[PDB]
Each structure stands twice: as structure tokens, then as C-alpha cells.
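Given next are the chains, with one letter for each unit.
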Amino acid sequence: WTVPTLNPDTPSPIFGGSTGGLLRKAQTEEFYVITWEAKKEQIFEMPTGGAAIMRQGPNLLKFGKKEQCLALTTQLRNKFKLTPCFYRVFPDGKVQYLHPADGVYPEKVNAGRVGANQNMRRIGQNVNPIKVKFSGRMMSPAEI
Amino acid sequence: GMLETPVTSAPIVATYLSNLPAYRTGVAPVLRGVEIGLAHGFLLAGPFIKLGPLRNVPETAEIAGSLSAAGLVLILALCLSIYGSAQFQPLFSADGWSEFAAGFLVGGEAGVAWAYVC
Amino acid sequence: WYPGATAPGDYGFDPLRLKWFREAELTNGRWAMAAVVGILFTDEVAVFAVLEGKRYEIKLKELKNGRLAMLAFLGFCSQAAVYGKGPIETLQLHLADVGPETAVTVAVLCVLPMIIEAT
Amino acid sequence: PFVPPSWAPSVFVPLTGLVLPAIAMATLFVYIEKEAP
Amino acid sequence: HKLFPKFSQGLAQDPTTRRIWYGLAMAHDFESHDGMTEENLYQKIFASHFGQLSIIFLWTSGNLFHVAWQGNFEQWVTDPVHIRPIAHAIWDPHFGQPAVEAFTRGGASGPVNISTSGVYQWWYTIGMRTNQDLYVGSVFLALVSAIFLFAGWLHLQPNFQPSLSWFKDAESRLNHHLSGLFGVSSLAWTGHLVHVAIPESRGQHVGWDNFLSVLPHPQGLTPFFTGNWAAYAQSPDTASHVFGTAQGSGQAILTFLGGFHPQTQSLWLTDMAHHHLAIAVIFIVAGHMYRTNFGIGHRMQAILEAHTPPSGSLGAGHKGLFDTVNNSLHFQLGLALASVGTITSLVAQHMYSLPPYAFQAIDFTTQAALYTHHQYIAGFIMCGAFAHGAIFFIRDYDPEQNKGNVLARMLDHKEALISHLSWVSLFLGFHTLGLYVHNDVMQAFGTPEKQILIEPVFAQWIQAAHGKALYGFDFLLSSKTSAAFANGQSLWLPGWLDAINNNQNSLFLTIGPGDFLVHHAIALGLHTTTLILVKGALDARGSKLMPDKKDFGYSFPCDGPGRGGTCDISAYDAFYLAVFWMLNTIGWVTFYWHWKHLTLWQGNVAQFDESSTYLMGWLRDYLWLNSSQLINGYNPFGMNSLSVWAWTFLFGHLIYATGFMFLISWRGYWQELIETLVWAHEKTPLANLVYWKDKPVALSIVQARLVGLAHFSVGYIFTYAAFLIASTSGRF
Amino acid sequence: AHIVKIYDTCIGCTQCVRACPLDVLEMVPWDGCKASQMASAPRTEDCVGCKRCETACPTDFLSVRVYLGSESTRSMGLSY
Ligand code: CLA
Ligand code: CLA
Ligand code: CLA
Ligand code: CLA
Ligand code: CLA
Ligand code: CLA
Ligand code: CLA
Ligand SMILES: CC1=C(/C=C/C(C)=C/C=C/C(C)=C/C=C/C=C(C)/C=C/C=C(C)/C=C/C2=C(C)CCCC2(C)C)C(C)(C)CCC1
Ligand code: SF4
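Protein chains in written order, with my numbering: chain L, 573 to 716; chain S, 876 to 993; chain Y, 548 to 666; chain X, 30 to 66; chain H, 64 to 795; chain R, 1264 to 1343.
Since the hints were derived computationally from the structure, they do not count as laboratory data.
Backbone N, C-alpha and C define an ideal beta-carbon position, used for all residues, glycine too.
Wrong hints could be hidden among the right ones.
[As the list claims (entries may be wrong)] Dumping the calculated EDC-like pairs for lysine to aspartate or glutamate here, alpha-carbon to alpha-carbon at most 20 Å: (1) L:705 / H:92; (2) H:513 / X:62; (3) H:746 / L:602; (4) H:607 / R:1323; (5) H:69 / X:62; (6) H:746 / S:879; (7) L:680 / R:1294; (8) H:758 / X:64; (9) L:703 / H:386; (10) L:705 / H:478; (11) H:756 / S:970; (12) L:703 / H:101; (13) L:597 / H:738; (14) L:703 / H:611; (15) L:597 / R:1308; (16) H:758 / L:602; (17) L:666 / R:1308; (18) H:756 / L:602; (19) L:634 / S:879; (20) X:63 / S:879; (21) H:231 / H:561; (22) L:705 / H:735; (23) L:597 / H:232; (24) L:703 / H:102; (25) L:597 / H:745; (26) L:703 / H:142; (27) L:703 / H:738; (28) H:756 / L:601; (29) L:705 / H:461; (30) L:703 / H:92; (31) L:705 / H:102.
[Stated by the list, open to error] With the C-beta cut set under 10 Å, the calculated list includes, among others, these residues of chain S facing chain H: (32) 902; (33) 928; (34) 958; (35) 962; (36) 993.
Start from the sequences and build out the full structure, keeping to the hints where you can.
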């Protein structure tokens, strides 16, 4: 598995145009672009409201936040048995692939993933908040 | 995609919006300010005169209404100036918005003075 | 501007904490010099807007006399609103033979050069 | 020498009612919206 | 990102409108700023304290200045029975000529407000007679306010910042504050009373011009150094003394008489002088207890380590508590707030019953306003005491430093504590509501002779022990053949007996079954508020629903919809739920106070004694009846001077009701609504040229609770203030 | 960013991972439990703090914990 590239010249699903699409965040900060390949022409549900027809082959939608792409991914993955991937696009043109960032979906173990944010103790083995007073910021005892 | 409506995508609407003075893209911010002020002060002078607290006293209703309209135009120019000081740190610049706010002050006071001279 | 004062017609006086401020100081000084000359020698819309717009779209003695005339115009307004007389009459009552504020202000002012030295 | 004059509410009440709230809200608004370097 | 707030870059990197509110809200929480150490903490707290002092003295100088310029003090002192005390003049250009004529009452030029703060009575008792005196006092306190603001700025400066050892020195601070701040201040106030306030009541002016050439007593200091101290009690003020004049006066400066001056119906100045002198000596003596740099003195850590009882019934006792009170500011703040709140309740309860100032208790609106003002202040301060105690448990409490002591054993039997508080709250609620509903059913069915009217025999026994011969118990001060009666009879009991057997004052009011039921409702409110606050303090470290509640802090929204859902689980939210019970409880105590005093002041205490035993009698004869002239403040026939209180009454109902919106409706509805607003603004032509700098979002959950409780509380306060002031002033 | 922590009581049931609406968590190799799996939170910058993971976790007490922290544009779930 290698990291795929975004094709901006990918045909979009058939959709008449909602009022719940992109805003100035897509022009100033970022927007996300979801890509999948379908087996047949079939109606799905747009996460911003409404119905849309996916094409037969490569499809392409663009959303504002990340949870919209996760909701469409969960729909296309549990209802249609499809394998989508969605990227992060900046107004510079910088394209950031993710999900599945390893190429294998995160709901199953893959050798090579480094464990992050793992406290190697119980939650009852944390210190008291007196022990973390007067650091450079507000801290929770589970941060250390 | 974006929803299609006659209201957002009509050619007469596009020409009217391109002809209104906030859109011409090549006229001066001072000129945009004085035209917008001459419109808005002239319309704002009305309801203060007709419904203000001195509306039933002769010869002073129009004076008090135009004076309150000039005060509100001054408040609006202060609002434009602090909006520019917050937002920008040709119309969408610090110097351009300060020019636009000064033009709105001048045009609004001129519009109130022309709505009185009536 | 005082013995021992340090810096943050300039003299290093900035207790409250620029070029627009210098130009504003110069024009308040010029209009105050003209107003002080008019008050001492005492006893239209679109053209003014055009002159002001042309002035907006565009050497120590000037701001020295300007600061002295700004303090002078504050003097005219203050000892006219308090005494109820003109400058010649207040000068004549001053010669040939708000008080708490004036005394309190002076002492407080002195406490002030002292305090800076302390800190 | 204590009594403020008979015209004093006519200036001081609209001053702290309108002018100082306008200056204070404008100054605090510009201080809120200021960018850090 | 943005500069505001400078104390938190985590908030300064917020792109939303949440940044402004959370910068406003986390500004004075110095323990959670960026780069905060402990010395810096104590120093900024010290500067803020100076700021508080400067604001208080500027407030007092402003009260003095506005009275001295716009009031009728010099005209009030000639006849303080029939003349109303002016607060300040009105300049409102929104007025009309009927309003100018209505608020122009007399004797004034233009529109005025009539004060209900008691300052004319207090200033007249302490010796003010002229307006100039008030001008001198206002200038003096404004100069004092400037000095304290300057002293805060000065003690922020790096040549003047104190070290941590200066702030953590408890023996020196208790010796200097007991001996100097309490004792010498009370001694100097005794000096003011003897030198000024008593001769001003004798009709002799003792100002700064002649306070060195006027004798306080015709034999000055010769009894004081001979020891013949009873020579200052000889010839007191006669019972026909006109206050402020020389008719019927005496020579004494330190009596001990009890009861009240006959004309003013207030405490004697000589008794108050003796009182401040005795407590001055007691506080100066108590201010030599602790060990400073002189060898002698007590050591507080040694006292705490010693007071541990045998048999382990308190475990380690008070071991290790000095390093937990000394190091924690929230423990000290909770102790200070508990003490000051109980003392504010004490101030209100003792000032209605024992009025100190001349011609107080004849100004009934002043009586009601001052009582209600210090009772609501006391309730808020008690809730803050329990709040900062919960903050102490979350932030400052180290369990290993407290292994076995009293503070750990409270956490050990917290379930027994909350269980027995739950029991007393449920018991008082069931039986108080059941007795009121029972008596309401009896009053509805035409049978008042069936209603349960328990007589308050315990408090009547206590009033008989105090010397009240109404209830016929006749013991200890009510029986003439008692040791306490016979020993106190020569000196202070003959005034106390007359004042307690007078039924025309608030000194130990006659009580009955309505008073029984309301004191039980008061106990219900106190126990219940204590239940919520103690539960929030002791479940602050964690509960079985959330064992790691200390890891989220004091004020977090929730822990999500999992585990059945956890809404309002935090100790801040327990405080938040207890502010409602505080407002309820003080509303009960002040409804009761106000209605029993209105029936005393009108003359028919039988009305309270009959209608107080049933809640329809409450709603009909207090709330419906006393708001007849309030809501007629303006009408389609005209207006009068009560129109400001009618408008403020509706204003409080409106703010209360607006608070219910934040209280009931929660966040995600408003977040969806604001997202549609964001769409509409960004799509609207010729208005999308204007764009926000801060992204608009709905208010957070905690902020919503705070804003709703704030509107709720302000509307509660303004509604009852308008009703109380307007009913008492319109009918008296 | 919100502080998401994984504790060693994890039994690698993957319930938290399939409950997160943002793809923040993932399963890594481990040896501490019979499933030879442990959760991990490598992308907490996209975490909004909904606590579906905590609702989905079966262990008593929780093996995944979400400490609400400083807000950004991604953690507030804003589309604007
Ligand atoms: C607390 C300070 C304050 C003060 C001193 C005033 C004073 C006034 N208001 Mg009120 N007002 C206020 C707060 C205040 N307002 C607030 C907070 C609200 C919202 C709740 C209102 C809502 C309100 C309304 C709806 C109206 C007023 C009106 C008035 C005028 C009374 C009617 C009259 O007989 O004048 C005679 C009126 C005039 C002679 C003309 C008024 C124009 C003024 C003098 C211009 C001032 C010049 C100045 C440069 C303007 C900018 C000031 C700014 C830089 C601070 C009077 C000037 C009435 C009014 O504006 O009359 C036209 C009116 O209709 N007010
Ligand atoms: C601090 C307590 C205090 C309060 C609540 C008031 C309240 C009032 N004053 Mg009074 N004033 C005060 C102290 C106070 N005063 C003192 C000590 C003086 C002598 C210097 C005055 C001199 C004064 C005059 C000459 C007049 C009033 C008037 C008034 C009335 C209208 C408001 C106004 O415009 O005043 C303006 C306030 C001042 C001139 C004094 C304020 C100066 C201090 C140092 C400012 C403190 C600021 C405070 C700490 C923070 C506020 C800002 C912050 C919220 C951002 C209002 C009842 C007017 C009136 O009588 O209407 C009928 C009026 O004409 N006041
Ligand atoms: C139309 C609405 C309206 C408005 C705008 C006013 C305005 C005023 N009334 Mg009037 N009045 C009205 C109708 C109105 N009235 C009605 C319907 C009645 C009942 C009949 C009255 C009865 C009445 C009486 C009896 C009195 C007034 C007075 C006043 C003046 C208060 C001056 C002042 O202290 O300003 C400043 C305002 C304040 C200090 C209060 C605001 C407190 C702030 C908002 C708290 C939050 C502070 C927070 C930190 C934000 C700070 C902002 C910062 C940027 C500075 C002001 C001009 C008083 C007066 O004349 O004194 C001179 C007075 O005694 N009014
Ligand atoms: C927190 C809000 C709050 C507010 C707004 C008020 C408001 C009021 N209080 Mg209340 N009070 C409160 C809380 C509050 N109180 C609390 C928490 C307590 C318990 C501590 C009290 C206990 C209390 C008493 C016992 C009395 C009041 C009174 C009053 C009223 C008169 C104004 C005043 O206090 O003068 C301002 C006071 C001062 C500026 C300080 C007075 C002088 C101090 C005590 C000593 C000075 C020592 C001197 C500097 C030392 C010199 C030493 C020498 C050697 C040089 C006013 C309604 C009085 C009243 O009801 O009159 C009718 C009254 O008798 N209050
Ligand atoms: C003997 C000299 C002395 C004196 C006079 C003081 C006085 C004070 N210090 Mg202390 N201090 C001292 C020595 C002294 N200190 C020493 C030696 C140390 C180092 C060990 C400290 C360390 C220290 C710290 C760290 C702090 C103080 C603070 C204070 C202030 C307390 C707050 C206040 O004003 O309430 C005054 C209290 C009273 C007037 C007593 C209240 C009595 C009851 C509750 C009220 C009822 C009385 C009466 C019935 C009310 C009448 C009401 C009236 C309206 C009629 C007060 C000015 C605090 C402060 O504010 O800093 C600015 C503070 O943070 N001090
Ligand atoms: C001795 C006095 C005292 C001192 C020095 C402190 C100090 C502190 N308190 Mg404590 N507390 C106190 C008494 C005190 N408190 C009292 C009397 C109460 C009961 C109300 C509390 C209840 C309390 C709670 C629940 C909390 C604190 C917190 C704090 C800390 C941060 C304060 C802050 O940042 O909020 C900034 C203050 C505000 C944003 C004020 C908002 C305005 C409020 C809601 C009232 C609005 C009403 C409005 C003014 C009315 C306008 C009417 C209109 C018509 C004009 C700070 C350690 C906080 C803390 O420790 O966090 C962990 C905290 O959560 N306090
Ligand atoms: C009139 C309004 C009202 C009433 C009656 C209550 C009553 C109670 N509150 Mg609540 N509360 C209220 C408003 C009210 N609250 C509000 C506005 C808030 C702000 C959110 C709160 C927040 C709050 C908190 C935080 C707590 C309470 C607690 C309590 C209980 C305290 C113990 C007690 O006295 O119970 C006495 C019992 C009663 C008063 C209930 C009456 C029982 C009825 C009459 C029996 C059945 C009658 C009849 C057969 C019904 C048939 C109907 C049929 C359809 C079934 C009590 C049940 C405390 C608690 O729950 O402790 C255990 C507690 O901690 N309350
Ligand atoms: C939570 C918390 C807290 C807080 C707490 C509180 C807030 C408390 C309160 C408390 C209180 C508020 C208490 C009270 C008490 C009271 C008492 C204890 C009283 C007593 C009294 C007496 C004993 C008297 C007697 C008598 C009589 C009756 C008559 C005759 C005379 C005489 C004097 C004999 C703290 C901070 C600690 C910290 C921890 C946590
Ligand atoms: S909170 Fe929402 S985002 Fe953060 S982990 Fe649990 S589920 Fe994934």
C-alpha cells in the first residue's frame, strides 16, 4: 500500500444542490474531499441533507468538516460495502491524505502502528491535583 | 453543488448588484462612502422627524429629527472606523476602509443637511 | 524634562504608552496657535471638506510654540469657565494683589516625579 | 468651596451615559480583536 | 492568533466568540493562568485586595458627596420623623412633566430619589449635623481611596513585592489584626464616640476646631488614672432627653443601661461607647497570644498537634492541619466566607431587633431594606463559602498530608453525613408541607377550628427566660425571686425589662403557630441547602458514578451520555443547584420578616396570627394585598412616585423569565440555529461584505447555567426589592 | 485540543474505535491482554470530545478517557 493522490477531475454524484454545503471556511481555512469507487449506480443519502445518485465508477464529493466525511464513510461502508478515503485540502492546494492513514482501516490491528496517548497504569493510579499545581498552564493529573 | 433560485442567479439581479455602489471595483472608497452616506442619511432623516419626541411642536420637529439623524450618522461612522480597525490589521484594506468611513461621515451629514434644506 | 528622568521636540515623556500621533500633535498645535492668536487679538462646507481631504492625502519651534499654545488655550477655557472673566481681567486680578484641586494637583504632581525615581 | 454648579448633571450624566461608554466599548472592542504578532 | 486574553494562550487561540466570554470569566482565577507561580499568586491577590479597598472607599465617598450636594440632611435633622431622606437628584431627559412633578416631592427643587439605606440615621447618630461635615468626609474618603489604589500599584512594584514568607506568616498577621485592626480600631471608635458623638447628641458641637479644648467629662482622666471608673457612669441621660439638644442631658460617657433611648427608640451612645471600649480591650489582649519574634507566645502548629483526643475517636485529630490551612487559599477563603456570612446574618438579626441609630425603627422602609439587604448578602456569602470549600477539595487537598485527621475522616463518613441531611430535609419537607396543606383544606372547607396549630413552647420558654412576662413561665429573668434577676437588677436589667415587655418594638416579638410553621420551613431551607452544598463538597473528589471527578477540575460540563447520562455531575453544578435553595430560603425568611413587621406596624398582629397558618392566607393577605399601590404606580389615569417601582417590578419579572430560557433550553438547538444564521449572513448579498472576526457559536453548557442563574437571581432580587420598598413606603 | 488517554485495563474489544465519529483512535499491537490489542489516540487534534468512545467502553472503570481542553476550529465541530 502507498498513499494515493487526489484527482480533482473525478466526476461527482448527481445532486441538485443543497443549502447545507460549503461556506467561507472552505475558501479561507480548509475543506475535505471524499473519494470512492462504486460498483453500480445507486441512490445514497447526503450527510448535509437530501438524496443523491452515485455514479458507476469513481465518485467525488467535498464537505466542510471531518464528521461529515466520517458519516458518509460509515454509510457507504456499512450499507453499500464500499471502501472510501477522504482527504484534507487547503486553499494553498496542499492535499493531506487520511482515513485509512495506514491503508488498513483503524478498526483492526495492523503491525507498524505506534501507540500514542497510552498511560501504562490504571485510572485510579493517577496523582492528586495538588501534585500538579503551578505548572505553566491548567493541567489534569492524567496528563503526566 | 449550490441550490439554484431565480433570486440568486437572475441576470437582472446580477446587473443591479453590479450597479450598486458597493460593487463597482474601480471607483474610490471615498466616492463609495459619500454615495452610500448621501443615500442613508437622506433616508434616515425621516422617521426621527415624523415620530420623535418633538414631533408635535412646530418648526422644531424637523430640526430635532435632523439633529438626531446627524448624531446617528456620527455613531455609524464611529462603528465603521472601529470595524476597520478590527478587521484589517481597495475597499478591503485599512487605509481604504478609513477613507470609506470618512466618506460615509461626510456623505451622511450632507444627506441629512439636504433632507433638512427641504 | 525633569532631573533624573529616563526615556521609554521630544523629551522622553510617555507615561501612558506614533507618526499619526506626531502629525496629530502638530495639527492640534497649529490650530491652537491660530486660536490663541485669535483669542489674544480679540479684545463653507464642501470647500472645507476639499481642503481637509487634500491635507489628509498629503522644526522644533513649531511644536514648542504649539505645546505652549495648547496649554494657553486650556488656560483660556479653564480660567474663563471658573473665573467668569477674560484673560486680561484674570491677569489684572492676578497682578497687584478648584483651589483644593490646584493645590492637591501640584503636590500630587511632585509626589509623582519622586515616585518614578523610587520605582 | 465644594458645591458643583447648577449645570452639572446636564453635562456629567450624558458624558458617563453616552460618551465614556462609547469610547470604552470602542477601545475594548479594538483591544479584543487585536492580532498577536 | 489574538492577544486577549493575555493570561491564557489556550483561550487566546480560540477562533470563536467563546474566547471573549471565557476571558471575562477566567480573569480573576489566578491559580490557572499561564506561568503562574506561588509568590506571584499571593502578590496579585494582595494588589487585588488593595483594589477592593479603594473601590469601597470611593463608594462611601460617593454616597457622602451625593447626600451632601443633592439631599436634605440639614433639613432632616430638624424633624427626622416627618421628612423623607433624599438619596440623589434625578436627571432623566426621557421624563415628562408629570414625572418631573411626581418625583419632585419635597423639599427639593427637581426630581429626587428617597433613600432607604439608613445613612442619614447612621450619620446623624455618629455626630454629623451639617452638609460641610459630609463634604469633608467625602473628600477624606476619596483621598483614602486614591491612597489604597496607589498602594496596590506600589506593592506590585519589584522593589516592593513581598516574599512568600511574608504572606505565610500567620502568627504576626493574627497578632497585628487582632490587636491593631480589631482592638485599636474599636478603641479609636470609642474615642470618636466619647469625644464627638455623645456631645453632638448633648447639643454641643465638637469638631476639629475645638476637640482639644472641650472636656469629654467634667473630671478628665482623674477617674481613669485613679481607678474610680464608676465616676464616668454617674448622671446618665434622663428618660426625657431630646436627642441632639441639651434638655434632659447628663454627664456620663460610659453607662451600662440596657434597652433603648426613649425618644429615638435606639441604643444608648454611652452603652455603645462602653461596648466598643470593652471589646477593644478584649481584642488588644487577645492580640498578644501568638508567637512573633519575642520568645513568648503560642505556636499554632503545636496547638493543633496537641489537640488530638485519646482512644482514636478523632483518629490523628488535628495533625497536619496547619500545613493545609496555611498552604491553601481556598480553605482560608471558605473559612472567611463562612464567618462573614454568619456575621452578616447576625448583623441583620440584631439590627432589626436592637436598632442602634436615632430614629431608625420609625423608618420602616429603611428597616425592611437593611434587613433584606444583609440577609441576601449573607446567603450569597454562605453559598460561596461552600463553593470555595469544594474548590479546596479538588485543587488544594493532599491526602497523604492528611492521612487520618479530621478532614480525611469527614470524607470517610460522607455517606452518613449526606444520608442524615437527606433524612432531615425529607422529614421537614413532608411535615411542613403536610401541615400547611392540612390547614389550607381546613380553611377551604370552612372549618378553621380543625387545623393543626402547634404552639412554639420552646422559643416561648426562651423568651420567658429572657424576661418576657407574656407566656407565664416566670423563670430566671421573668421571676422576681431569681438570682440572675436580683444580680443584674441594679444596673442593666431595668431598661432591658421595659424594652422586652414593650410589645411595640421588634425586641423579642410575640410568637405563635404561624411562627412555628415558618421557623420549621426555615430549618427545611437551611438543611436542604446544606445538603446540596455538603454533597457537592464531599462528592467533589469523585463518586461511584464518576470516580475520577478530581481529574476534570471544579467546573466541567458533564461526562457525556454514557453510563446512563451524567448531567450536572460537577461540584460547580451542585453549587449552581444550591443557589436556588438559597434564594428560596432567604425569600421565605424575608417574606416572614416583612409580613410580621407590616402587621406590627399597621397595628393588627391578629391578621398575621390568623392568616399566617395557611398558604392561601399568605398569598391573599401578603402578596395580593400589599401589591395594590405598587401596580397602580402608573395606569391610564396618570402616574405617581411609585411608577419607578412598578416598572422595576415588571423589569424583575422579565429578567427572571428570561433566565428560565437559559435554564430550560440547552445548547445544541441554539448551535443549529446559529449555523443557519451563519449560512444566511454568508449568502446574503451586500451584507456578506461585512464578516465577523470571531466565529459565532452558541453559549457553552456551563456558561448557559451561569447566565441563566444570573438572570434568575437579578430578577428575583429586583422583584422583591421593588415590592418591599414600594409596599412599605406607599403604606407608611 | 482535547486530552484523550488510553489505560492498561484495555481488553482490545475495538468498541471505542468503531464508536468514534472522527477517526481519532486506532488499534495497535500489544501483549497486555488476551486480544493482543490496545487502543491508541494518535489524532487527538481532530477530537471533538463527544465521548462515544467512553460510552462504548465496557471496562469498569473506563480504559479510554476524554479530558475536555482548549478549543480549536476542529474540536468545536464547526463547518464555518
Ligand atoms: C444614559 C444615557 C442617555 C441620555 C443622556 C439619553 C438622552 C436622550 N435620549 Mg435616550 N436612550 C438611551 C440612553 C440615553 N439617552 C438608551 C440606553 C436607550 C435604549 C434603551 C435610549 C432610547 C432612546 C430613544 C428611542 C429616544 C431617546 C431619546 C433621548 C433624548 C430625549 C428626548 C428629548 O426630549 O430630547 C430632544 C432631542 C433632541 C434635541 C435631538 C437628540 C439628538 C442628540 C442631542 C444628538 C447628540 C449629539 C452627539 C454628537 C451624538 C453622538 C453622541 C455619541 C458620540 C456618544 C435625550 C437626548 C429620544 C431622541 O433621540 O430624540 C430625538 C428618542 O426618540 N432615547
Ligand atoms: C463611586 C461612587 C459613585 C456613584 C455610584 C455615583 C453616581 C452618580 N453620580 Mg456621582 N460622583 C462621585 C461618586 C459616585 N457617583 C464622587 C466621589 C464625586 C465627586 C468627585 C461625584 C461627582 C458627581 C457630579 C458632579 C455628578 C455626579 C452624578 C452622578 C449620577 C449620574 C452618573 C454620573 O454621570 O456621574 C459621573 C461620576 C463622577 C463625576 C465621579 C466618578 C469619578 C470616579 C473616580 C470614577 C470611578 C470609576 C469606577 C471605579 C469604574 C467605572 C468604569 C468601569 C465600569 C468601566 C449618579 C447617581 C451626576 C448627578 O448628580 O446627576 C443628578 C453629576 O452631575 N457625580
Ligand atoms: C427609556 C428608557 C430609559 C433610559 C435609557 C433612562 C436613562 C436614565 N435614567 Mg431613567 N427612567 C426610565 C426610563 C429611562 N431612563 C423609566 C421608565 C423610569 C421609571 C419611571 C425611570 C426612572 C428613573 C429614576 C428614578 C432615575 C433614572 C435615572 C436615569 C439615568 C441614569 C444615569 C446613569 O447612571 O447612566 C449610566 C448607567 C448606569 C451607571 C447603570 C448601568 C449599569 C451597567 C450597565 C452595569 C454593567 C456594567 C458592565 C461592567 C458594563 C460596563 C460598560 C463599560 C464599557 C463602561 C439615565 C439617563 C437616574 C438619574 O437620573 O440619575 C442621574 C435616576 O435616579 N430613571
Ligand atoms: C457586600 C456588600 C455590602 C453592601 C453594599 C453593604 C451596605 C451597607 N452596609 Mg453592610 N455589611 C456587609 C455587606 C454589605 N453591606 C457585610 C458582609 C457585613 C458583616 C461584616 C456588614 C455589616 C454591616 C454593619 C454592622 C452595618 C452595615 C451598614 C451598611 C450600610 C451603610 C454603608 C456603609 O457600610 O458605609 C461604609 C463603611 C466604611 C467605609 C467603613 C466604616 C469604618 C470602619 C468600620 C472602621 C474604620 C477604622 C479606621 C479607618 C481606623 C483608624 C485608626 C486610627 C488609629 C487612625 C450599607 C447599606 C450599616 C448600616 O446598616 O447603617 C444604616 C451598619 O451599621 N453593614
Ligand atoms: C497592626 C497593623 C495592621 C493593620 C491595621 C492591618 C490592616 C489590614 N490588613 Mg494586614 N497585615 C499586617 C498588619 C496590619 N494589617 C501585618 C503585620 C502583616 C504581615 C504578617 C499583614 C498581612 C496582610 C495581608 C497579606 C493582607 C492584609 C490585609 C489588611 C486589610 C484587611 C481588609 C480590610 O480592610 O478589612 C478591615 C476589617 C475590619 C474593619 C474588621 C471587620 C470586623 C467585622 C467583620 C465588621 C463589623 C464591625 C462593625 C460592627 C461594622 C460597622 C460598619 C459601619 C458601616 C457602621 C486591613 C487594612 C489584606 C488586604 O486587604 O491588603 C490590601 C491582605 O490581603 N494584611
Ligand atoms: C472574599 C471574596 C471572594 C474572593 C476574593 C473570591 C475569589 C474567587 N472566586 Mg469566589 N465566591 C465568593 C467570594 C470570593 N471569591 C462569593 C461571595 C461567591 C458566591 C457568589 C463565590 C462563588 C464562586 C464560584 C462558583 C466560583 C468562584 C471562583 C473564584 C475564583 C475566580 C473568580 C473569577 O474568575 O470569576 C470572574 C467573575 C465573574 C465572571 C462575575 C460574573 C458576574 C456574576 C455572574 C454576577 C452577575 C450579576 C450582575 C453583576 C448584575 C447586573 C444587574 C444589572 C441590572 C446591572 C477566585 C479565586 C471560581 C473558581 O474558583 O473556579 C474554579 C468559581 O467557579 N467563587
Ligand atoms: C414547589 C417546588 C419544589 C418542591 C416541593 C421541592 C421539593 C424538594 N426538593 Mg426541589 N427544587 C426545586 C423545587 C421544589 N423542590 C427547584 C425550583 C430547584 C432548582 C433546580 C430544586 C432543586 C433541588 C435540589 C438540588 C434538591 C432538591 C431537593 C428537594 C427535596 C428536599 C427534601 C424535602 O423537603 O422533601 C419533601 C418532599 C416533598 C416536598 C414532595 C411532596 C411529596 C408529595 C406531596 C407526596 C405525594 C402527594 C400525592 C399523593 C401525589 C399524587 C400525584 C399522583 C399523580 C402520583 C424535596 C422533595 C433535595 C432532595 O431531593 O433531597 C432528597 C435536593 O438535594 N431540589
Ligand atoms: C465545605 C468546606 C468548607 C466550608 C465549610 C463551611 C462553609 C462551614 C460552615 C460552618 C458554619 C456556618 C458553622 C456554624 C457554626 C455555629 C456554631 C458552632 C454556633 C455556636 C453557638 C454557640 C455555642 C452559642 C451559644 C450561646 C447561646 C445559644 C445563647 C447564650 C449565649 C451563648 C454564647 C452561650 C471548608 C472551608 C472548611 C473547607 C473544607 C470544605
Ligand atoms: S470523543 Fe468523540 S472523538 Fe474524541 S475519541 Fe471519543 S469519540 Fe473519538
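- prompt: Has the given pair, residue 703 of chain L with residue 102 of chain H, been kept, meaning a C-alpha gap of at most 20 Å?
  reply: 17 Å, holds
- request: With a cut-off of 20 Å on the C-alpha distance, tell me whether residue 758 of chain H and residue 602 of chain L pass.
  value: Roughly 15 Å separates the two Cα atoms, so the pair holds.
- request: Starting from residue 746 of chain H, check that the Cα of residue 602 of chain L is at most 20 Å away, please.
  value: The given pair, whose Cα atoms are some 19 Å apart, holds under the 20 Å limit.
task: Using 10 Å as the Cβ threshold, decide whether residue 902 of chain S counts as touching chain H.
output: Not OK, violated: residue 902 of chain S not within 10 Å of chain H, min 15 Å.
message: For residue 63 of chain X and residue 879 of chain S, compute the direct alpha-carbon distance and say whether it is at most 20 Å.
response: 39 Å, violated
message: Please verify whether residue 705 of chain L and residue 92 of chain H have alpha carbons no more than 20 Å apart.
response: 13 Å, holds
query: Holds or violated: residue 231 of chain H with residue 561 of chain H, Cα cutoff 20 Å?
result: Not OK: residue 231 of chain H and residue 561 of chain H at ~51 Å, beyond 20 Å, violated.
Closest C-beta approach of residue 962 of chain S to chain H relative to 10 Å, hint status: With a minimum Cβ separation of about 6 Å from chain H (threshold 10 Å), the hint on residue 962 of chain S holds.
- prompt: Is the Cα-Cα distance between residue 607 of chain H and residue 1323 of chain R 20 Å or less?
  reply: Given pair residue 607 of chain H, residue 1323 of chain R holds - Cα atoms ~11 Å apart, limit 20 Å.
- prompt: Does residue 928 of chain S meet its interface restraint, that is, does its C-beta lie within less than 10 Å of any C-beta in chain H?
  reply: With a minimum Cβ separation of about 8 Å from chain H (threshold 10 Å), the hint on residue 928 of chain S holds.
message: Does residue 735 of chain H sit within 20 Å of residue 705 of chain L, going by the straight-line distance between their CA atoms?
response: Distance of about 38 Å is beyond 20 Å: violated.
message: Tell me if the straight-line CA distance from residue 597 of chain L to residue 745 of chain H falls inside 20 Å.
response: The hint holds at about 11 Å.
Going down the numbered hints, you'll see the structure goes against 2, 10, 20, 21, 22, 23, 26, 27, 32, 36, while the others check out.
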